[PDB]
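Once you've had a glance at the structure underneath, I'll fire off some questions.
A single protein chain has been removed from this complex, and every other one stays in its place.
Per-chain residue numbering starts at 1, and chain names A, B and C are given in the order in which the chains are listed.
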Amino acid sequence: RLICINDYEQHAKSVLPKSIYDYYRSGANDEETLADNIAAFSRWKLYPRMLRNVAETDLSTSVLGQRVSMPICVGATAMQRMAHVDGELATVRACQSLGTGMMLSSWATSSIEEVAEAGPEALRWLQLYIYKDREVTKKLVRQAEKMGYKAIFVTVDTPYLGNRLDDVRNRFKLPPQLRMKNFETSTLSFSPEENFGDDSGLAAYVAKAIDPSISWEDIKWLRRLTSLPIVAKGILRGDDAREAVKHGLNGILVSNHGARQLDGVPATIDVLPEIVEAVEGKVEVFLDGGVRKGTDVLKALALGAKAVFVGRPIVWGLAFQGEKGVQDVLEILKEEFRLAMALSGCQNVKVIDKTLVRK
Amino acid sequence: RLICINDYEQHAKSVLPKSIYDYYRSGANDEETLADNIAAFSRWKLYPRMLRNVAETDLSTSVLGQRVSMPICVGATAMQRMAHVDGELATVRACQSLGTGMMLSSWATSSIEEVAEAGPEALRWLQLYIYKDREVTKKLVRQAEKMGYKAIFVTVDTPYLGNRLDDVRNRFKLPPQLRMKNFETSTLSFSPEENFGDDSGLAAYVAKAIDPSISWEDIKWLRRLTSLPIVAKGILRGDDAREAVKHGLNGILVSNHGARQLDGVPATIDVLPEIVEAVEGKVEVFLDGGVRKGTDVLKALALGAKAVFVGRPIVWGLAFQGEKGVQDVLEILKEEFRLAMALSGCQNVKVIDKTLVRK
Amino acid sequence: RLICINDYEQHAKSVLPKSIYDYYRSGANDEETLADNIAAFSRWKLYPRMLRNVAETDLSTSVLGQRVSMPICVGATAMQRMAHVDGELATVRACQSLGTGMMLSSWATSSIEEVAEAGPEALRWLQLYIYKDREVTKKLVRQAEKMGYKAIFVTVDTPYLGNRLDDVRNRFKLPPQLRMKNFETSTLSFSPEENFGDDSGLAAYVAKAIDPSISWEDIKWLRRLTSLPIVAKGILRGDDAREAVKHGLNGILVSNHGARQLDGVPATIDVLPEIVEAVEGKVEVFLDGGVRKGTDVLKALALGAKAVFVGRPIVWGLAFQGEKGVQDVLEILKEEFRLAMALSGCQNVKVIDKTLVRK
Partner (left out) sequence: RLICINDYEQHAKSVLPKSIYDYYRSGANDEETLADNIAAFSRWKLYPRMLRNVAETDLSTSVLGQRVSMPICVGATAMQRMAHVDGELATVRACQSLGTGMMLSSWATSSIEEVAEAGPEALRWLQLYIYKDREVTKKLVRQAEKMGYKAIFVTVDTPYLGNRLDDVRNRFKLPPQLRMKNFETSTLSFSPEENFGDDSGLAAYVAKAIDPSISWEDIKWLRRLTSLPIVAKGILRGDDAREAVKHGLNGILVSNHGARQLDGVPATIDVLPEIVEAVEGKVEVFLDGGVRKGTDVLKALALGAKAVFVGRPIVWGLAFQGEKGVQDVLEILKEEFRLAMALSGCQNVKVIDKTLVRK
């Protein structure tokens, strides 16, 4: 019996091959930020109000004007079919059951179209990478619009891939039967048919395909390109958050890319308040990185995030029992968040306030 | 030979069945506050005065106008007959011998009447839960008044039960021969005859019986209902402490419910000063959570608590040697507190002052 | 080959019987201050000056107007003959060889007279306890004066003995052949012929013989009683240090009694600056507790101590090789202190200054 999210990782290591487990598990380099994403949540202490009447705790909220069952949503984990045969399609179906949203990776092992077909009524957004080939980028955006995706989350922190040490020791790359389904060429589909040498296959993929020259000029282009809400994912500084708002973007996702890019950046829960402050109420702010418990969700919302995204636990759900496993992980987090809300005097998400936390 | 309180827990694990040991031992979720309740006491350092004449250290004080032999009293540990056949009755008899007070749990395995009969001359108070059925709540209050109980400690931090992970893995519930003796129905007596499913039997008990809508309106009701002193137990915030005083309550018990409710709240010794300050001398403040040593008692009193309550060590005393074991735990704490008082220059509790501590 | 002080303790445990090792090793209760006496020194960082000309580093200084070879002196460890047959006499002879001073315990296993005879030219002071019998106290002071002892260090932090847990488990008491040689009665000589029951023999000794009523009135008495310099040993507070100066005392020894009295007091190196400040240049301040390295000595002197005292390492020297072992421990500390002085730009003790340290 798996009763908490920690239980799931424990189990996922027992079933996945090392290369696939290490890929999902890893942080960059010495993994300092990886540990900190978790340890940081513990440092923020909770100050619950008593006797507030919490009989019918309502977890419902909205992300970018769309209703969700809870401020807990699925983040864009790449290449989910390595964890479960059903991959991204199991994930979207779980999201459809939960009433929450799924961010789909540009590097998904299932296509934008496939995912919409498996979860037609699920809230779905696209995580976008900016490709050297702008026609490829445009195509992803257009396909997301066509298929009823409700926003673009542009990743802005990966001009190159971080150095995850296990992926290089393991010579990481997709199993022979799998591809990045959003692309048609061998190169852009991350075909395991290539010999990538003595390094991570993903680091090479990105170096070849993804544009390190990415700048605010590209943000201007993207903003003119789509009328969809656009969220900047990977922002860690207040002055960059200000710049995003100025470029007409509609949200910031505070993220250190699951501790997999630049190591030694702060925990997301630690930078969240500076971003919420920099944005001056203009745009919704979200958080990912280290969320494992309902109290983590409470802390991020007290500090001003609208919603949080869940990365690794989703993969671990997938690896345990596919769709049901993702559904169960999401239901564990939901009921932990409900209990934490109620114990802190919060009937609904609107009465969550920052007096609930102190560092 | 058991010579300190730590010795007792060590021993209690060796004799109790796992389910019963885990139930008493547990904190909520990842048990962060559990560890912190203890670690926090160590961070407050002592600044003893020398050459003060401490030849006849007097430990005597008062709780809510009633005299006690020492500012160390027994907190409301539920279902004591799981640790020792004599349960709550061994406890009250030890309290009678010591000259200190016992708070009786609403969820005791011995009745309010039984306990008064076993300790007629012992100082006794009732820890109250607010039940969905107000007639049940009223009955407990009336029975406490009838039986010579001298105050009501209302718990205000349990609209639902915290999630203690071991209790759910163990499917915790009372052994077949035991009940919550204050109640007559199967439901309200926590009859182990029920099949509680794949979770804690206690979490279900509370969800069914205990009113999550509890508010300050219920506090107003309770205050009109009894002329007994009422103490708010579970308060962790200064603004809530202020509210209690305003509702005409007679004390605050600073408690995080032994780290078993909302995890990630501060240690009680850490919030104590903010509560003492919020209350502005109007009402007595007590503390529970993490008290294991005489120096813990000294620290809480220097910071302004009138008295402290002892939870788990009492159960561990019970589990070692019943009445004698509880008596011995209380005598260990008494002599540790006496030694700590004397070494710090304090002849009596009235000259304990806050210059004795700094964080 | 033993080349540092840590090496000596390591070895002492291998040769001493457990009861004797535990007695010397122990702190009070959970031993928090014990660990902190050491860990605290590490937190103070050194800021060495370069290019100062340190060719002939002079370690010489003075304690209470008497010259010493180095600001490193022997503290009053009780009952040294438990570690080595030669006990206190080996110690004084080592001190005589080094040119530094020895503080003799009131609870020495060698008499005030014996020690003066074995080290006639050694600088010697008496550590005094105030006995219930004032004639006994007077006698110790008079014998120290008669025998060429140059100061009285009155201990002010032991109205009762701290609770050292191992001493109670071990039923600590002197081996059959040994006594506290400064006394003639069975009681006052700590005769092991007595059955002390289920506790520390030393805790009983003190409870029976040593006056818990000790106050500033007794300090006034002692000051009128002898024209010897008097130092208050055990002071941890600035307001008490002020009081000592006002009573006409000639020094303060910042001490938490080797972490063996009240546990949870600060490290001595941490309180030292507040005492140096409280004393306003009027009197010399010394430090004991946790000194194991030459850099510890440097730190205490930068913070304003005139000299430091060494407790446990002396016993460990005694236990390794008697007189030679104490001499070697003292020579290790001397050369470590010389090296640390030179590396920090300090030719002599007078140019040691507080810019050398920051916490």
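Keep in mind that, in the parts below, contacts are C-beta pairs under 8 Å (C-beta built on N, C-alpha and C of every residue); 3 or more make two chains touch, one makes a residue touch a chain.
Novice: Taking the complete complex into account, which shown chains does the hidden chain touch?
Specialist: Across the whole assembly, the hidden chain touches A, C.
Novice: Among C:130, C:276, C:340 or C:352, which residue is in contact with the omitted chain in the full complex?
Specialist: Touching the chain that is not displayed is residue C:340.
Novice: In the whole complex, not just what's shown, which of A:32, A:145, A:194 or A:328 touches the removed chain?
Specialist: Of all options in A:32, A:145, A:194 or A:328, contact with the hidden chain holds for A:32.
Novice: For a quick check of understanding: of C:53, C:195 or C:227, which residue touches the chain that isn't displayed?
Specialist: Final answer for the missing-chain contact: C:53.
Novice: Tell me which of A:22, A:114 or A:263 is the one touching the absent chain.
Specialist: A:263
Novice: On chain A, what residues meet the omitted chain?
Specialist: Given the touch definition above, chain A has residues 29-30, 32, 156-157, 159-160, 162-163, 165, 168-169, 198, 211-216, 218-219, 232, 234-237, 239-240, 243, 261-266 touching the missing chain.
Novice: Could you list which residues of chain C touch the chain missing from the display?
Specialist: Contact residues on chain C toward the absent chain are 1, 3-4, 42, 44-55, 293, 295, 299, 336, 339-340, 342-344.
FYI, only the chains that are shown with their structure count from here on.
Novice: From the C-alpha centre of chain B to that of chain C, how far is it in Å?
Specialist: 43
Novice: Suppose each chain is reduced to the average of its Cα coordinates; what separation in Å results between chain A and chain C?
Specialist: 61
Novice: By the touch rule stated above, which residues of chain C touch at least two different other chains?
Specialist: Residues: none.
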